[PDB]
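Take a look at this single chain in C-alpha coordinates; it is the form solved without its partner chain.
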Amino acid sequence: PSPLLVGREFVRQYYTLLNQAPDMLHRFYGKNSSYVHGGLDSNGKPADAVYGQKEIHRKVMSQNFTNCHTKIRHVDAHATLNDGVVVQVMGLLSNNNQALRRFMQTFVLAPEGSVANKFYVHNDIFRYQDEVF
(Lines of atoms letter the chains of each structure in order from A and count residues from 1; the text may use other names and numbers.)
(Lines give C-alpha, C1' and ligand atoms only; values in the text may rest on other atoms or scores of the structure.)
Protein backbone atom coordinates (compact mmCIF):
# COMPACT_ATOMS: atom_id res chain seq x y z
CA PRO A 1 0.00 0.00 0.00
CA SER A 2 2.94 2.27 0.44
CA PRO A 3 4.27 3.48 -2.86
CA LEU A 4 7.85 2.27 -2.20
CA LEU A 5 6.52 -1.20 -1.17
CA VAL A 6 4.32 -1.25 -4.31
CA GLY A 7 7.35 -0.23 -6.45
CA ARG A 8 9.89 -2.65 -4.94
CA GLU A 9 7.36 -5.52 -5.17
CA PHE A 10 6.66 -4.84 -8.86
CA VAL A 11 10.35 -4.42 -9.82
CA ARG A 12 11.13 -7.80 -8.21
CA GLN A 13 8.24 -9.48 -10.18
CA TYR A 14 8.94 -7.70 -13.42
CA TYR A 15 12.67 -8.43 -13.87
CA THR A 16 12.27 -12.03 -12.62
CA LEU A 17 9.41 -12.77 -15.05
CA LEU A 18 11.48 -11.26 -17.82
CA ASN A 19 13.93 -14.01 -16.88
CA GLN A 20 11.60 -16.99 -16.36
CA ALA A 21 8.62 -16.42 -18.60
CA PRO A 22 8.77 -13.31 -20.74
CA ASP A 23 5.47 -14.56 -22.30
CA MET A 24 3.70 -13.61 -19.03
CA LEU A 25 4.81 -9.94 -18.88
CA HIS A 26 1.66 -9.05 -20.81
CA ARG A 27 -0.40 -9.59 -17.61
CA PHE A 28 1.02 -6.32 -16.25
CA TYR A 29 -0.59 -4.22 -19.00
CA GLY A 30 -4.11 -2.99 -19.93
CA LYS A 31 -5.94 -1.36 -22.87
CA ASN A 32 -4.49 2.12 -22.07
CA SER A 33 -0.87 1.01 -21.36
CA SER A 34 2.08 2.32 -23.36
CA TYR A 35 5.28 0.33 -23.71
CA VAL A 36 8.26 2.24 -25.05
CA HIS A 37 11.46 0.25 -25.91
CA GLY A 38 11.96 1.78 -29.38
CA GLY A 39 12.84 -0.45 -32.35
CA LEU A 40 10.09 -1.65 -34.65
CA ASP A 41 6.49 -2.96 -34.24
CA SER A 42 6.27 -6.79 -34.31
CA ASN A 43 4.83 -6.37 -37.86
CA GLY A 44 7.96 -4.47 -39.17
CA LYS A 45 7.37 -0.67 -38.90
CA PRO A 46 9.00 1.93 -36.51
CA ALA A 47 6.99 2.97 -33.43
CA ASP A 48 7.35 5.60 -30.70
CA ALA A 49 5.18 3.26 -28.62
CA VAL A 50 3.19 0.06 -28.54
CA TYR A 51 -0.31 0.23 -27.02
CA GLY A 52 -2.59 -2.32 -25.23
CA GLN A 53 -1.98 -5.93 -24.09
CA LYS A 54 -2.22 -7.61 -27.52
CA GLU A 55 0.51 -5.54 -29.20
CA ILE A 56 2.67 -5.22 -26.06
CA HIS A 57 2.78 -9.03 -25.86
CA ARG A 58 3.74 -9.22 -29.53
CA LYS A 59 6.50 -6.66 -29.00
CA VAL A 60 7.77 -8.47 -25.90
CA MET A 61 7.95 -11.74 -27.87
CA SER A 62 9.72 -10.09 -30.76
CA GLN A 63 12.47 -8.79 -28.41
CA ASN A 64 13.12 -12.47 -27.84
CA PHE A 65 14.23 -12.21 -24.20
CA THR A 66 16.20 -15.42 -23.60
CA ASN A 67 18.42 -16.09 -20.56
CA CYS A 68 17.87 -12.47 -19.72
CA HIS A 69 19.66 -11.45 -16.52
CA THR A 70 19.18 -8.29 -14.60
CA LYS A 71 20.96 -6.72 -11.63
CA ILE A 72 19.16 -3.73 -10.03
CA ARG A 73 21.34 -1.07 -8.37
CA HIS A 74 18.65 1.36 -7.27
CA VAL A 75 14.92 1.97 -7.24
CA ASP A 76 13.02 5.18 -6.81
CA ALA A 77 9.23 4.82 -6.25
CA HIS A 78 6.93 7.77 -5.38
CA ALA A 79 3.24 8.51 -5.14
CA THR A 80 2.05 10.36 -8.24
CA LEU A 81 -1.30 11.67 -9.58
CA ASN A 82 -4.49 9.55 -9.28
CA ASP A 83 -2.98 7.07 -6.73
CA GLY A 84 -0.42 6.07 -9.34
CA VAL A 85 3.15 5.18 -8.49
CA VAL A 86 6.03 6.43 -10.57
CA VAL A 87 9.06 4.14 -10.50
CA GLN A 88 12.59 4.76 -11.82
CA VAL A 89 14.90 1.75 -11.96
CA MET A 90 18.63 1.91 -12.71
CA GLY A 91 20.34 -1.42 -13.41
CA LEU A 92 22.29 -3.73 -15.68
CA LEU A 93 20.56 -6.08 -18.11
CA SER A 94 22.00 -8.74 -20.39
CA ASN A 95 20.09 -10.71 -23.07
CA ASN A 96 21.24 -13.94 -24.77
CA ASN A 97 24.13 -14.18 -22.33
CA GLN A 98 25.73 -11.10 -23.93
CA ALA A 99 27.57 -8.41 -21.93
CA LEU A 100 25.58 -6.48 -19.29
CA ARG A 101 24.53 -2.94 -20.21
CA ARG A 102 23.41 -0.06 -17.98
CA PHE A 103 19.79 1.02 -18.32
CA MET A 104 17.15 3.27 -16.96
CA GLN A 105 13.48 2.31 -16.94
CA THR A 106 10.59 4.52 -15.92
CA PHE A 107 7.23 3.01 -14.91
CA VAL A 108 3.92 4.47 -14.05
CA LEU A 109 1.76 1.97 -12.18
CA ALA A 110 -1.93 2.70 -11.83
CA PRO A 111 -4.65 1.16 -9.63
CA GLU A 112 -6.20 -1.55 -11.75
CA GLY A 113 -9.68 -0.69 -10.27
CA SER A 114 -11.36 -4.10 -9.64
CA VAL A 115 -9.04 -5.88 -7.18
CA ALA A 116 -7.75 -3.98 -4.13
CA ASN A 117 -4.04 -2.98 -4.07
CA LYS A 118 -3.64 -4.31 -7.61
CA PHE A 119 -1.69 -2.29 -10.08
CA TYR A 120 -1.17 -2.40 -13.79
CA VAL A 121 1.58 -0.74 -15.78
CA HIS A 122 0.20 2.35 -17.46
CA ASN A 123 3.71 3.29 -18.71
CA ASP A 124 6.87 1.42 -19.36
CA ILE A 125 9.80 3.29 -20.93
CA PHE A 126 13.22 1.59 -21.32
CA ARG A 127 16.56 3.02 -22.34
CA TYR A 128 20.10 1.69 -22.58
CA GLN A 129 22.70 4.25 -21.56
CA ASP A 130 25.05 3.11 -24.34
CA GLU A 131 22.62 4.04 -27.19
CA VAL A 132 22.51 7.61 -25.74
CA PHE A 133 26.08 8.60 -24.86
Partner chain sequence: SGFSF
Contents of the next structure:
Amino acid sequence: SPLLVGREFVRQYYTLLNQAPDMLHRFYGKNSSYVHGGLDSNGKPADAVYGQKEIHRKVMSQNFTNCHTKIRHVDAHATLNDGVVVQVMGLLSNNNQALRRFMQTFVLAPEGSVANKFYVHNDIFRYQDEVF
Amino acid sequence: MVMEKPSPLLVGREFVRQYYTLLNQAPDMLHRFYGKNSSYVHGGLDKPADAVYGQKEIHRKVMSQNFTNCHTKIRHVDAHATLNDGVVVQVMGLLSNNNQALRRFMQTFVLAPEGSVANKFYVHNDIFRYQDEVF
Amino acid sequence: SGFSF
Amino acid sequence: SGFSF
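Since we've got the form solved without its partner chain here, give me the form solved in complex with its partner chain too.
Every component of the complex follows; first up is the chain already shown.
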Protein backbone atom coordinates (compact mmCIF):
# COMPACT_ATOMS: atom_id res chain seq x y z
CA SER A 1 0.00 0.00 0.00
CA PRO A 2 1.58 3.27 -1.22
CA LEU A 3 -0.68 5.18 1.18
CA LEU A 4 0.67 3.39 4.25
CA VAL A 5 4.31 3.46 3.12
CA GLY A 6 4.28 7.20 2.45
CA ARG A 7 2.44 8.13 5.65
CA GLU A 8 4.63 6.03 7.95
CA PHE A 9 7.65 7.63 6.31
CA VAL A 10 6.31 11.10 7.10
CA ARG A 11 6.00 10.00 10.72
CA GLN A 12 9.58 8.69 10.67
CA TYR A 13 11.04 11.62 8.73
CA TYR A 14 9.65 14.20 11.16
CA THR A 15 10.19 12.19 14.34
CA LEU A 16 13.85 11.86 13.37
CA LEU A 17 14.04 15.52 12.32
CA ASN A 18 13.26 16.43 15.92
CA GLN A 19 15.07 13.69 17.84
CA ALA A 20 18.25 13.39 15.77
CA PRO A 21 18.52 15.53 12.61
CA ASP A 22 22.14 14.40 12.34
CA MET A 23 20.85 10.91 11.54
CA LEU A 24 18.50 12.20 8.83
CA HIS A 25 21.10 11.63 6.11
CA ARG A 26 20.56 7.86 5.94
CA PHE A 27 17.30 8.45 4.05
CA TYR A 28 19.22 9.61 0.99
CA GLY A 29 21.53 8.14 -1.64
CA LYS A 30 24.09 9.65 -4.01
CA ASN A 31 21.42 10.73 -6.49
CA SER A 32 18.95 12.27 -4.04
CA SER A 33 17.78 15.88 -4.17
CA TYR A 34 17.18 18.10 -1.13
CA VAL A 35 15.90 21.62 -0.49
CA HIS A 36 14.39 23.10 2.67
CA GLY A 37 13.14 26.63 2.06
CA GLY A 38 15.51 29.58 2.32
CA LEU A 39 16.21 32.62 0.16
CA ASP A 40 19.12 34.07 -1.83
CA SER A 41 21.09 37.27 -1.37
CA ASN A 42 18.65 38.69 -3.91
CA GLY A 43 15.74 37.32 -1.89
CA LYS A 44 14.62 34.39 -4.02
CA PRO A 45 14.30 30.67 -3.00
CA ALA A 46 17.58 28.78 -2.56
CA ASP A 47 18.83 25.94 -4.74
CA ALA A 48 18.79 22.21 -4.00
CA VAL A 49 21.73 19.99 -3.05
CA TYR A 50 22.48 16.46 -4.26
CA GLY A 51 23.91 13.33 -2.65
CA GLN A 52 23.84 12.16 0.97
CA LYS A 53 27.25 13.77 1.55
CA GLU A 54 25.93 17.22 0.63
CA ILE A 55 22.42 16.69 1.99
CA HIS A 56 23.83 15.86 5.42
CA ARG A 57 26.07 18.93 5.31
CA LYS A 58 23.07 21.13 4.54
CA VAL A 59 20.87 19.65 7.28
CA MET A 60 23.51 20.24 9.96
CA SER A 61 23.96 23.85 8.84
CA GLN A 62 20.23 24.49 9.18
CA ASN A 63 20.52 23.79 12.92
CA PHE A 64 17.39 21.79 13.70
CA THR A 65 16.76 22.14 17.43
CA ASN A 66 13.45 21.02 18.93
CA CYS A 67 11.65 20.75 15.59
CA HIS A 68 7.87 20.64 15.98
CA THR A 69 5.42 19.51 13.31
CA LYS A 70 1.66 19.31 12.89
CA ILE A 71 1.05 17.32 9.72
CA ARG A 72 -2.32 18.35 8.31
CA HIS A 73 -2.39 16.30 5.10
CA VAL A 74 -0.49 13.34 3.64
CA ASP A 75 -1.43 12.00 0.22
CA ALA A 76 0.69 9.13 -1.10
CA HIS A 77 0.41 7.50 -4.52
CA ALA A 78 2.37 5.23 -6.85
CA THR A 79 4.80 6.32 -9.57
CA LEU A 80 6.86 4.56 -12.23
CA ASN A 81 9.28 1.82 -11.15
CA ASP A 82 7.47 0.92 -7.92
CA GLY A 83 8.09 4.42 -6.57
CA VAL A 84 5.89 6.40 -4.19
CA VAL A 85 5.19 10.14 -4.18
CA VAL A 86 4.21 11.80 -0.92
CA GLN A 87 2.64 15.25 -0.83
CA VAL A 88 2.91 16.82 2.61
CA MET A 89 1.10 19.82 4.09
CA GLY A 90 1.47 21.08 7.65
CA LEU A 91 3.34 23.42 9.97
CA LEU A 92 6.97 23.38 11.10
CA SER A 93 8.69 25.07 14.05
CA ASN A 94 12.46 25.30 14.47
CA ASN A 95 14.30 26.52 17.58
CA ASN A 96 10.98 26.85 19.44
CA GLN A 97 9.83 29.65 17.12
CA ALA A 98 6.42 30.08 15.47
CA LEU A 99 4.76 27.36 13.40
CA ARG A 100 5.21 28.09 9.70
CA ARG A 101 2.99 26.45 7.07
CA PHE A 102 4.77 24.45 4.38
CA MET A 103 4.35 22.50 1.14
CA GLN A 104 6.45 19.38 0.66
CA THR A 105 6.94 16.60 -1.90
CA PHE A 106 8.75 13.30 -1.43
CA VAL A 107 9.66 10.64 -3.96
CA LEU A 108 10.25 7.24 -2.37
CA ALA A 109 12.28 4.89 -4.55
CA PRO A 110 12.87 1.15 -3.95
CA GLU A 111 16.29 0.58 -2.36
CA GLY A 112 16.85 -2.47 -4.56
CA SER A 113 18.91 -4.81 -2.37
CA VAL A 114 16.56 -5.25 0.60
CA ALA A 115 12.87 -6.22 0.70
CA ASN A 116 10.39 -3.37 1.22
CA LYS A 117 13.16 -0.82 1.75
CA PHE A 118 12.76 2.71 0.38
CA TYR A 119 15.05 5.73 0.15
CA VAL A 120 14.31 9.40 -0.47
CA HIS A 121 15.11 10.20 -4.10
CA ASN A 122 13.59 13.68 -3.86
CA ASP A 123 12.90 16.05 -0.97
CA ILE A 124 11.28 19.35 -1.91
CA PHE A 125 10.48 21.44 1.17
CA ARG A 126 9.11 24.98 0.85
CA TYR A 127 7.85 27.56 3.34
CA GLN A 128 4.71 29.37 2.20
CA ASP A 129 5.60 32.71 3.79
CA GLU A 130 8.73 32.88 1.64
CA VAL A 131 6.75 32.30 -1.55
CA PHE A 132 3.32 33.83 -0.92
CA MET B 1 19.05 22.92 -35.80
CA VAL B 2 19.45 20.51 -32.88
CA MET B 3 19.45 21.56 -29.21
CA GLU B 4 20.97 19.90 -26.12
CA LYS B 5 18.67 17.75 -23.98
CA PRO B 6 16.88 20.13 -21.54
CA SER B 7 17.12 20.10 -17.74
CA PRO B 8 14.12 19.03 -15.60
CA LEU B 9 13.66 22.66 -14.49
CA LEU B 10 13.00 23.56 -18.13
CA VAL B 11 10.80 20.53 -18.80
CA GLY B 12 8.92 21.01 -15.54
CA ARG B 13 8.24 24.68 -16.24
CA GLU B 14 7.21 24.46 -19.88
CA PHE B 15 4.76 21.76 -18.84
CA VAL B 16 3.32 23.91 -16.05
CA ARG B 17 2.86 26.66 -18.63
CA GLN B 18 1.08 24.34 -21.08
CA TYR B 19 -0.96 22.76 -18.28
CA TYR B 20 -2.69 25.85 -16.89
CA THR B 21 -2.88 27.46 -20.33
CA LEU B 22 -4.86 24.50 -21.63
CA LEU B 23 -6.83 24.38 -18.37
CA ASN B 24 -8.08 27.89 -19.15
CA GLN B 25 -8.67 27.50 -22.89
CA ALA B 26 -9.52 23.86 -23.65
CA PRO B 27 -9.87 21.94 -20.36
CA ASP B 28 -11.53 19.04 -22.19
CA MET B 29 -8.26 18.43 -24.04
CA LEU B 30 -6.36 18.22 -20.76
CA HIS B 31 -6.75 14.43 -20.77
CA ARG B 32 -4.17 14.12 -23.56
CA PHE B 33 -1.46 14.49 -20.90
CA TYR B 34 -2.34 11.20 -19.22
CA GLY B 35 -2.06 7.44 -19.71
CA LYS B 36 -3.67 4.23 -18.47
CA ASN B 37 -1.60 4.20 -15.27
CA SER B 38 -1.88 7.91 -14.47
CA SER B 39 -3.35 9.18 -11.20
CA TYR B 40 -5.35 12.36 -10.60
CA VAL B 41 -6.85 14.05 -7.54
CA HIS B 42 -8.34 17.40 -6.46
CA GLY B 43 -10.45 17.01 -3.30
CA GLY B 44 -13.51 18.63 -1.75
CA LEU B 45 -16.20 16.18 -0.60
CA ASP B 46 -17.72 15.63 1.71
CA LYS B 47 -12.58 12.89 3.74
CA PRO B 48 -11.10 15.03 0.91
CA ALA B 49 -11.09 12.67 -2.12
CA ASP B 50 -9.57 9.56 -3.71
CA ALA B 51 -7.67 9.31 -7.00
CA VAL B 52 -8.88 8.39 -10.49
CA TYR B 53 -6.93 6.44 -13.12
CA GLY B 54 -6.77 6.36 -16.92
CA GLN B 55 -7.57 8.90 -19.63
CA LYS B 56 -11.29 8.11 -19.46
CA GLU B 57 -11.72 8.47 -15.69
CA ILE B 58 -9.52 11.57 -15.50
CA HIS B 59 -11.34 13.33 -18.35
CA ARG B 60 -14.75 12.70 -16.78
CA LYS B 61 -13.35 14.01 -13.50
CA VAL B 62 -11.97 17.18 -15.11
CA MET B 63 -15.31 17.92 -16.78
CA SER B 64 -17.06 17.56 -13.42
CA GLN B 65 -15.15 20.53 -12.00
CA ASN B 66 -16.14 23.00 -14.74
CA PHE B 67 -12.96 24.98 -15.43
CA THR B 68 -14.47 28.14 -16.92
CA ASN B 69 -12.42 31.36 -17.11
CA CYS B 70 -9.54 29.73 -15.23
CA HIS B 71 -6.85 32.09 -13.94
CA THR B 72 -3.65 30.95 -12.24
CA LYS B 73 -0.98 32.98 -10.46
CA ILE B 74 2.12 30.77 -10.50
CA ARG B 75 4.51 31.80 -7.72
CA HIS B 76 7.16 29.07 -7.62
CA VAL B 77 7.91 25.93 -9.63
CA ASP B 78 10.30 23.21 -8.47
CA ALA B 79 11.40 20.58 -10.99
CA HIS B 80 13.95 17.90 -10.15
CA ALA B 81 15.16 14.78 -11.96
CA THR B 82 13.45 11.85 -10.27
CA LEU B 83 13.86 8.08 -10.76
CA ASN B 84 14.48 6.66 -14.27
CA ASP B 85 14.48 9.81 -16.45
CA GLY B 86 11.43 11.26 -14.71
CA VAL B 87 10.71 14.83 -13.61
CA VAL B 88 9.03 15.57 -10.28
CA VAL B 89 7.30 18.95 -10.31
CA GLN B 90 6.01 20.87 -7.29
CA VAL B 91 3.85 23.90 -8.05
CA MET B 92 2.90 26.66 -5.61
CA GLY B 93 0.47 29.37 -6.67
CA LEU B 94 -3.03 30.83 -6.74
CA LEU B 95 -6.08 29.55 -8.62
CA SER B 96 -9.37 31.22 -9.52
CA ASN B 97 -12.20 29.35 -11.24
CA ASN B 98 -15.67 30.37 -12.42
CA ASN B 99 -14.91 34.02 -11.60
CA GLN B 100 -14.78 33.31 -7.86
CA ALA B 101 -12.29 33.52 -4.99
CA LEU B 102 -8.56 33.32 -5.67
CA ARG B 103 -7.41 30.22 -3.80
CA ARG B 104 -3.91 29.22 -2.69
CA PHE B 105 -2.80 25.68 -3.53
CA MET B 106 0.06 23.24 -3.99
CA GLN B 107 0.43 20.71 -6.79
CA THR B 108 2.69 17.72 -7.38
CA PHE B 109 3.40 16.44 -10.89
CA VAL B 110 5.28 13.35 -12.04
CA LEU B 111 6.40 13.46 -15.66
CA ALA B 112 7.55 10.21 -17.25
CA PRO B 113 8.93 9.38 -20.71
CA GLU B 114 6.34 8.13 -23.15
CA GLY B 115 9.09 5.86 -24.46
CA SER B 116 7.92 6.26 -27.96
CA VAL B 117 9.12 9.67 -29.39
CA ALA B 118 11.91 12.26 -29.06
CA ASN B 119 11.93 13.58 -25.48
CA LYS B 120 8.17 13.60 -24.92
CA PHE B 121 6.70 13.30 -21.42
CA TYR B 122 3.29 12.43 -19.99
CA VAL B 123 1.68 12.99 -16.59
CA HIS B 124 1.96 9.96 -14.32
CA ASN B 125 0.81 11.68 -11.13
CA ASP B 126 -1.39 14.74 -10.62
CA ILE B 127 -1.91 15.81 -7.02
CA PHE B 128 -3.82 19.07 -6.50
CA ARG B 129 -4.81 20.41 -3.09
CA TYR B 130 -6.54 23.64 -2.07
CA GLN B 131 -5.02 25.00 1.13
CA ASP B 132 -8.29 26.39 2.50
CA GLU B 133 -9.55 22.80 2.60
CA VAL B 134 -6.57 21.72 4.70
CA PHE B 135 -5.32 24.77 6.61
CA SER C 1 0.56 10.22 -24.89
CA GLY C 2 1.50 13.51 -23.25
CA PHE C 3 2.97 16.78 -24.51
CA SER C 4 5.79 17.75 -26.86
CA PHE C 5 8.76 19.87 -25.78
CA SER D 1 20.21 2.92 2.64
CA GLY D 2 16.86 4.34 3.73
CA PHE D 3 13.79 3.61 5.84
CA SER D 4 12.24 0.15 5.93
CA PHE D 5 8.81 -1.49 5.76
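Numbering follows the first chain given and starts at 1. Between two forms, the rigid core is the largest collection of C-alphas that superpose within 1.5 Å.
Enquirer: Taking only shifts of 2 Å or more in Cα after a rigid core superposition between the two forms, tell me which of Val108, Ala47, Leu92, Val75 qualifies.
Expert: Looking at each option in turn, only one qualifies, and it is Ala47.
Enquirer: By the 2 angstroms cut-off, has the C-alpha of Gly38 moved between the two forms once the rigid core is superposed?
Expert: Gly38 C-alpha, core-superposed: shift of 2 Å or more.
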